[PDB]
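Could you put together the complete structure from these sequences and hints?
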Amino acid sequence: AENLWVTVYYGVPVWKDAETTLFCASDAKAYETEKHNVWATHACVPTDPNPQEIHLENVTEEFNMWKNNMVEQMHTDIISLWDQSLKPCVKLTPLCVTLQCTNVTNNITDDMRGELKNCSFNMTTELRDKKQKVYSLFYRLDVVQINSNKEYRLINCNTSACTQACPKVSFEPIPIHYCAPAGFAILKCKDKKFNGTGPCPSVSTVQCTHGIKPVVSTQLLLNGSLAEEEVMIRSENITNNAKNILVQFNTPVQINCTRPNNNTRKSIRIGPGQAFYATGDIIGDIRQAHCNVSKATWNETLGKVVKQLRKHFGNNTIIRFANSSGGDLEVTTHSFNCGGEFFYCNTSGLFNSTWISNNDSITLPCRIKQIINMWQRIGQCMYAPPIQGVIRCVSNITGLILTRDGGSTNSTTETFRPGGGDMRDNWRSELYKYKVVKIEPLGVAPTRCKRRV
Amino acid sequence: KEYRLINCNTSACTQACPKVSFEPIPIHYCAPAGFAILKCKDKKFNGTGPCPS
Amino acid sequence: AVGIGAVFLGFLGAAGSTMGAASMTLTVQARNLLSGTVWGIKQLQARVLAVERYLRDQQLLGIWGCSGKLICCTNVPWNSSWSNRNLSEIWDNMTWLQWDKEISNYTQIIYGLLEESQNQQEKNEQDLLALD
Amino acid sequence: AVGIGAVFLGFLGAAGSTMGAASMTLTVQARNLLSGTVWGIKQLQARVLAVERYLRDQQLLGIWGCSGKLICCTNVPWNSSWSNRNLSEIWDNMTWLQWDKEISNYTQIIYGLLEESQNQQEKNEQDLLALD
Amino acid sequence: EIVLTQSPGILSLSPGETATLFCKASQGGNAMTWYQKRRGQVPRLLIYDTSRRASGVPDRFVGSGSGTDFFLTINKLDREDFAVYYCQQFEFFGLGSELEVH
Amino acid sequence: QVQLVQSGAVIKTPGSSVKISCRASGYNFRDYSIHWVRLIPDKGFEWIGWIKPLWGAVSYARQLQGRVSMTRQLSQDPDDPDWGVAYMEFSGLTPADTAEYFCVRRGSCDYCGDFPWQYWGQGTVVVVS
Amino acid sequence: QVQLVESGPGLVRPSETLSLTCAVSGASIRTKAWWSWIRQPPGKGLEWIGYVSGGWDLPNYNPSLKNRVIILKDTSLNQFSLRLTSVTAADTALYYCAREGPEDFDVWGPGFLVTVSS
Ligand SMILES: *[C@@H]1O[C@H](CO)[C@@H](O[C@@H]2O[C@H](CO)[C@@H](O[C@@H]3O[C@H](CO[C@H]4O[C@H](CO)[C@@H](O)[C@H](O)[C@@H]4O)[C@@H](O)[C@H](O[C@H]4O[C@H](CO)[C@@H](O)[C@H](O)[C@@H]4O)[C@@H]3O)[C@H](O)[C@H]2NC(C)=O)[C@H](O)[C@H]1NC(C)=O
Ligand SMILES: *[C@@H]1O[C@H](CO)[C@@H](O[C@@H]2O[C@H](CO)[C@@H](O[C@@H]3O[C@H](CO)[C@@H](O)[C@H](O)[C@@H]3O)[C@H](O)[C@H]2NC(C)=O)[C@H](O)[C@H]1NC(C)=O
Ligand SMILES: *[C@@H]1O[C@H](CO)[C@@H](O[C@@H]2O[C@H](CO)[C@@H](O[C@@H]3O[C@H](CO)[C@@H](O)[C@H](O)[C@@H]3O)[C@H](O)[C@H]2NC(C)=O)[C@H](O)[C@H]1NC(C)=O
Ligand SMILES: *[C@@H]1O[C@H](CO)[C@@H](O[C@@H]2O[C@H](CO)[C@@H](O[C@@H]3O[C@H](CO)[C@@H](O)[C@H](O)[C@@H]3O)[C@H](O)[C@H]2NC(C)=O)[C@H](O)[C@H]1NC(C)=O
Ligand SMILES: *[C@@H]1O[C@H](CO)[C@@H](O[C@@H]2O[C@H](CO)[C@@H](O)[C@H](O)[C@H]2NC(C)=O)[C@H](O)[C@H]1NC(C)=O
Ligand SMILES: *[C@@H]1O[C@H](CO)[C@@H](O)[C@H](O)[C@H]1NC(C)=O
Ligand SMILES: *[C@@H]1O[C@H](CO)[C@@H](O)[C@H](O)[C@H]1NC(C)=O
Ligand SMILES: *[C@@H]1O[C@H](CO)[C@@H](O)[C@H](O)[C@H]1NC(C)=O
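Chains as they are written, first to last, in the working numbering: chain A, 128 to 580; chain B, 5 to 57; chain C, 330 to 461; chain D, 330 to 461; chain E, 113 to 214; chain F, 8 to 136; chain G, 6 to 123.
Since the hints were derived computationally from the structure, they do not count as laboratory data.
Watch out, some of these pointers could steer you wrong.
Listed next, the in silico DSS-like pairs over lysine-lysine satisfying Cα-Cα at most 30 Å (straight line) [as the list claims (entries may be wrong)]:
no. : chain 1 : residue 1 : chain 2 : residue 2
1   : A       : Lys-370   : F       : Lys-26
2   : B       : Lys-23    : A       : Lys-214
3   : A       : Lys-370   : A       : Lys-431
4   : G       : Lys-71    : A       : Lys-577
5   : A       : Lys-143   : A       : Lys-431
6   : E       : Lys-149   : F       : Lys-50
7   : D       : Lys-398   : A       : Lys-577
8   : A       : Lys-214   : C       : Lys-371
9   : A       : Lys-438   : E       : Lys-136
Computed footprint of chain C on chain A; a stretch qualifies when at least three of its residues, placed anywhere within it, have a C-beta under 8 Å from a C-beta of chain C [as the list claims (entries may be wrong)]:
no. : segment
10  : 141-154
11  : 183-195
12  : 299-312
13  : 568-578
Across the chosen pairs, the derived CB separations fall in these ranges [as the list claims (entries may be wrong)]:
no. : chain 1 : residue 1 : chain 2 : residue 2 : range
14  : G       : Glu-108   : C       : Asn-453   : 33 to 41 Å
15  : D       : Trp-420   : A       : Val-172   : 52 to 60 Å
16  : D       : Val-405   : A       : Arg-579   : 24 to 32 Å
17  : A       : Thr-366   : F       : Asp-117   : 30 to 38 Å
18  : D       : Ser-417   : C       : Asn-453   : 45 to 53 Å
19  : A       : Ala-145   : D       : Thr-436   : 41 to 49 Å
20  : D       : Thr-436   : B       : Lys-45    : 31 to 39 Å
21  : B       : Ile-29    : F       : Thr-20    : 54 to 62 Å
22  : A       : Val-172   : F       : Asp-117   : 32 to 40 Å
23  : B       : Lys-45    : D       : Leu-373   : 26 to 34 Å
24  : A       : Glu-253   : F       : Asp-117   : 52 to 60 Å
25  : A       : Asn-274   : D       : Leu-373   : 18 to 26 Å
26  : A       : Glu-253   : C       : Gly-369   : 34 to 42 Å
27  : D       : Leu-458   : A       : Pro-178   : 37 to 45 Å
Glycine included, C-beta positions come from ideal geometry on N, C-alpha and C.
Have a look at this one:
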């Protein structure tokens with residue numbers, strides 16, 4: 128009996144932490160729409176419906192969303208997919224030209240400048256010999272004054288060429304399910320109260336993740352997965368201030384956003400089979416794009432996050448908010464893509480509050496850039512086509528991305544400012560539950576059996 | 005006295021990127037699975053014939 | 330739980346239970362190891378990495394005593410310095426994760442012992458079938 | 330040399346020695362057969378060619394008497410016209426290269442004989458387990 | 113905030129000896145950064161993560177400590193190592209331990 | 008190598024402003040943050056603020072808000088994507104502000120945080136009189 | 006051109022686990038070679054402890070070493086380590102890492118005196 132032999136057991140359930148590639152999966156309802164008016168349901172496998180969310184019991188795994196993988200892979204996949212949906216579309220190289228711009232026909236005061244500038248310019252037709260004179264509308268944030276007369280040019284025309292987006296492919300998010308390949312499994316921490324780091328006492332394995340719709344937002348991340356009961360803040364280190372603070376709250380705050388300026392698109396032929404989509408007439412009043420939120424629900428959710436943030440900073444602590452301290456445009460405001468057009472909306476109305484230890488609606492004005500340079504590359508800019516009609520959208524605000532100021536010198540107050548920063552902090556708000564492990568079979572173990580000859 | 009470039013009536017030209025440099029880094033060649041690379045380690049060997057070592 | 334009494338459920342379900350209970354459910358963790366214009370390269374390298382890992386495991390088994398027996402007694406003994414615990418305690422007391430944490434050091438010597446034992450059994454069987 | 334006495338070293342090390350000495354070292358040449366934006370196609374076709382060759386060899390073995398026994402006595406006899414040399418001389422006198430040069434002609438008939446022998450053994454075992 | 117305290121202040125030693133510089137935090141459970149700054153020069157990192165050394169740091173520097181109490185041990189004191197030494201926690205700095213030639 | 012070249016020393020009148028340029032070279036500037044620190048004599052170090060150049064997101068110290076402003080200039084060309092320039096503008100100068108200012112970058116290792124500043128500029132002396 | 010350099014203690018207490026580690030440069034570890042440990046008590050002859058191989062040989066030691074010697078190779082760091090559990094003060098010896106090849110132990114280590122003392 129004490130003459131112990133060894134035995135190999137193949138298919139032993141045991142895993143290790145690993146970092147491998149992943150597996151795209153899209154729902155078949157987005158596959159029902161023909162010719163991919165959203166990106167890549169052909170570059171992504173159809174999701175098998177209701178897959179195996181088999182529970183695991185008496186199992187303690189340590190999760191770490193901050194040093195997590197697959198959020199880097201999601202960032203790389205979305206970047207490469209955004210690049211791969213532009214190579215069919217038309218380059219706007221001949222549009223870099225001297226623009227004769229004036230103000231739009233409007234009873235403008237001298238104080239408030241016109242946001243829209245009308246611009247007429249030469250443009251090549253389909254025929255190489257004949258050029259035409261054509262006009263359009265642009266925003267202040269897309270033209271600069273090259274240098275009596277007043278003549279402009281586009282902003283990107285001395286750093287990079289621009290690619291006009293195809294009006295077929297829309298940027299609205301379809302949900303992406305991530306799946307592990309063979310020999311790997313995705314452990315989902317199903318704990319209710321879980322601050323992103325440490326042992327999760329109630330995990331469950333899975334083959335495919337939930338629907339992760341890729342939204343693009345800097346502050347006030349949109350349509351994410353809200354928490355179960357409480358309002359959970361997450362940080363890599365709360366005492367550190369260089370790391371952001373991902374706030375995920377329970378009740379989603381309804382936001383309404385609209386451009387009320389009615390637009391008419393206009394097809395200008397750059398060349399043979401080259402269509403450019405300019406802005407024609409402003410049918411109706413010239414108004415300003417804006418976003419609304421409910422005053423009472425926003426005050427209530429700020430009370431909830433104050434009640435939760437006082438846990439990490441003591442009870443008798445004053446907590447106040449401020450707006451963004453500065454920088455580039457798309458980190459001061461909060462930016463998003465509503466209906467296939469980009470909004471950059473001011474957030475000073477949402478963060479002027481202080482909090483002591485004891486039917487209206489907030490409107491906030493936006494600005495609309497027609498060109499974008501997201502992810503801040505060296506040589507790419509996307510032109511966006513103007514869309515018809517008055518444009519509105521309703522969304523569920525899910526979480527914030529906050530940042531503590533570097534408070535020293537014995538202050539009771541600790542202020543918070545919304546900071547966008549990297550885009551990965553969006554996906555880290557939706558990949559905190561999951562991790563990827565590699566199954567290793569063929570464990571070995573001593574027992575009392577000897578192989579006979 | 006007016007000139008042109010030499011290549012402008014046979015082909016277009018691609019300017020090299022000043023990022024990528026043409027200095028050689030050493031390339032090691034390796035066989036895949038199921039193949040092996042025999043190196044003739046003979047001192048005196050004129051390239052053709054039996055290599056005894 | 331639901332699988333109490335008739336102790337089975339889906340794969341990695343026994344991973345929380347003790348290794349004695351988990352030993353009866355090994356066919357599915359063996360099963361869910363093979364089956365499951367530039368993204369095709371990612372799909373393909375995932376699939377061939379899966380079959381390469383599976384073929385490496387089947388070749389590591391095949392050079393030992395068991396081709397596909399999935400439970401193999403063999404002829405190498407066990408150094409009691411490695412386990413240094415009560416034998417029947419570990420099948421009612423330990424998970425496979427904790428056991429793999431225990432014998433993390435004592436690895437890769439066992440495999441050479443298995444290869445030596447299998448080659449010795451092969452030469453003994455060759456001699457036995459030779460003199461007959 | 331260094332591996333004198335305990336006759337082993339790395340793979341293809343026994344390739345110079347006689348086939349009797351090389352027969353004790355076969356596990357590593359079996360081992361070093363599987364493991365090891367347009368160049369990924371070259372890497373992938375190399376990897377799948379390697380696993381295709383390994384699977385063809387394992388299937389050629391599996392239709393014979395031995396799945397993974399790696400040394401297989403079998404039931405087909407040997408025509409002495411093929412070897413036509415002294416039996417114990419070749420295990421102390423010949424390399425595997427020279428032996429493969431010797432029986433280059435006498436190939437591909439042996440494999441059909443092996444398949445006939447294995448199918449005959451299978452139908453005999455089917456009859457034996459049938460009448461019992 | 114975090115109050116940091118450099119307890120030896122001025123330390124008077126001779127070359128070839130060993131030295132131990134203590135720092136004390138106001139809040140435990142964190143990392144610690146040790147900086148060397150010679151006279152009239154650029155400061156230079158020595159210890160991050162309370163036990164690790166940077167590039168070009170000789171291993172005679174040993175950072176240690178836990179909780180609120182951290183040590184910096186410099187064995188085999190060269191003449192060059194007589195400098196000011198600072199501790200860092202996330203933004204707050206100790207006022208500096210000055211190493212003096214005796 | 009990682010190089011942080013500052014501008015030369017300066018003598019400014021009280022109440023005026025000053026702008027210090029920190030030119031970084033030898034790494035991808037769109038990745039690592041840039042911190043600004045000061046050294047006042049007989050006061051030790053004092054951190055000012057950090058700036059992430061990918062969108063220029065800044066954060067200033069609490070006792071210095073309203074008086075400082077940090078900008079950046081990226082490199083927009085596909086041939087030299089590495090170099091970049093941070094700018095710290097310090098306004099409302101007092102005689103207490105006579106000090107030496109530094110721009111710093113963190114290390115590049117795994118367990119390196121953000122505040123263990125590995126690479127340091129040469130320093131810039133600012134005298135108010 | 007091969008260069009072997011030992012590293013580890015030279016002064017340990019008896020009844021403990023001794024372990025050295027020899028770094029290898031100038032060549033590769035996975036060669037036709039036995040990376041070996043050989044010792045020598047002071048004033049006396051040599052004493053071959055054992056070896057390990059860069060191929061797939063099982064390591065074979067001197068049976069006088071009483072199965073307390075585990076030489077472990079580290080191909081990812083070009084090293085190979087001696088072990089000696091339950092040492093005595095009579096095990097004081099110069100230790101040597103070496104390389105058996107087609108010639109007999111060409112490149113040694115310098116050899117360091119491990120003086121086991123209590
Ligand atoms: C995000 O949203 C916030 C919230 O609105 C914006 O904050 C406001 O920004 C403006 C300017 O950017 C602030 O400035 C105000 O401008 C008004 C118009 O200026 C005219 O009048 C002044 C004389 O007062 C002239 O010098 C000037 O040339 C113009 O002719 C002023 O009327 C405002 O003065 C206020 O304060 C004085 C104090 O004495 C009062 O007497 C006035 O009656 C008046 O109340 C002021 O100068 C404005 O203060 C900001 N709002 C708030 C609530 O503070 C952000 O700008 C926006 N973000 C972005 C990027 O735009
Ligand atoms: C579109 O293309 C037309 C055709 O070239 C451009 O018109 C030309 O613009 C130049 C530059 O201003 C004019 O030259 C100047 O004209 C003025 C007025 O005649 C004259 O006083 C100056 O001495 C100088 O000659 C040129 O006449 C004009 N030609 C025509 C037919 O209008 C035009 O500028 C382009 N852009 C737009 C927005 O139309
Ligand atoms: C965050 O909120 C503060 C207010 O609490 C904003 O400060 C305000 O900033 C604007 C411009 O950024 C200042 O406007 C000034 O207007 C005159 C009018 O011509 C102009 O000449 C000046 O150059 C300046 O633009 C305004 O004075 C200032 N408010 C105060 C009280 O000083 C800050 O901009 C907000 N940040 C963001 C990102 O929205
Ligand atoms: C900061 O938060 C509050 C939103 O609750 C806003 O503060 C408002 O600031 C304006 C400044 O003109 C105040 O208007 C005037 O204030 C004087 C008192 O100084 C008052 O006597 C006048 O009748 C007039 O209302 C306004 O009262 C004040 N709001 C409150 C509730 O006191 C402000 O919108 C936020 N700041 C930013 C930059 O958004
Ligand atoms: C955002 O817009 C939606 C538009 O549907 C508003 O929802 C409606 O609000 C009215 C006013 O209370 C109700 O009578 C309707 O029943 C609501 N309809 C739906 C479908 O919800 C919403 O109130 C707006 N929110 C804010 C903050 O302005
Ligand atoms: C939020 O609601 C409470 C309760 O009425 C009120 O006391 C508080 O002032 C509100 N906050 C703001 C910013 O209006
Ligand atoms: C495994 O070996 C390491 C030395 O590399 C040792 O520190 C550790 O204690 C060993 N594990 C066990 C369970 O003893
Ligand atoms: C093999 O067959 C060829 C004819 O194809 C013959 O010339 C050769 O001699 C044969 N080999 C031997 C070893 O006899």
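Check your understanding: Does the structure break any of the earlier hints, and which numbers would those be?
Key -> 5, 17, 18 and 25
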